[PDB]
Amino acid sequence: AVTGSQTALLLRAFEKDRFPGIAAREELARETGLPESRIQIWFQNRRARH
């Protein structure tokens, strides 16, 4: 699971760039302190639900 702060940051990103490319995902990884693969999973999962 990701933290509340990470969720808030990722959701705001998702609502501006719904399909981040690898550079954007690596940047979100650095912003959040999450691995890039975890960023990708989070976006894939959210899009599969929406």
Contents of the next structure:
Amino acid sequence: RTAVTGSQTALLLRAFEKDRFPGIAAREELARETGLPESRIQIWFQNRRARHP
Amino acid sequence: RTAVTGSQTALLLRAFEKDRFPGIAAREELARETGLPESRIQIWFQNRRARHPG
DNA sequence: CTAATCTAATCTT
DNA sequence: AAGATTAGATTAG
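Switching forms now, from the form solved without the DNA to the form solved in complex with the DNA, please provide the structure.
Everything in the complex follows now, all chains and molecules, and the chain you saw is the first one.
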């Protein structure tokens, strides 16, 4: 029940370009920064590593 | 490149009711019978699963 | 209408 | 965590 805002996307792309493998430390933060479950953020990083190496 | 003919459409539609979730083999087989890449057969089945069940 | 793509998610080893 | 694959949304013929 969630479509991502362009700002969240921009915020994840920034964290991506920084380091593509955020430990659960980075991710919880990124969950707070965005208002998304941590679970949903890991998925985002897993898919993006697979479709843009 | 695209443009599937009515005949290609005809034999896949038959195979559709035959197997609604073709494994990588069923599709690989179906690529030869039609002359379309397996990749394009998968898209065809996943698009049609969403636009026409039953 | 239909092919193709991009995303979110699940599952397997 | 990668790999494949699903559904779904959408971009286009």
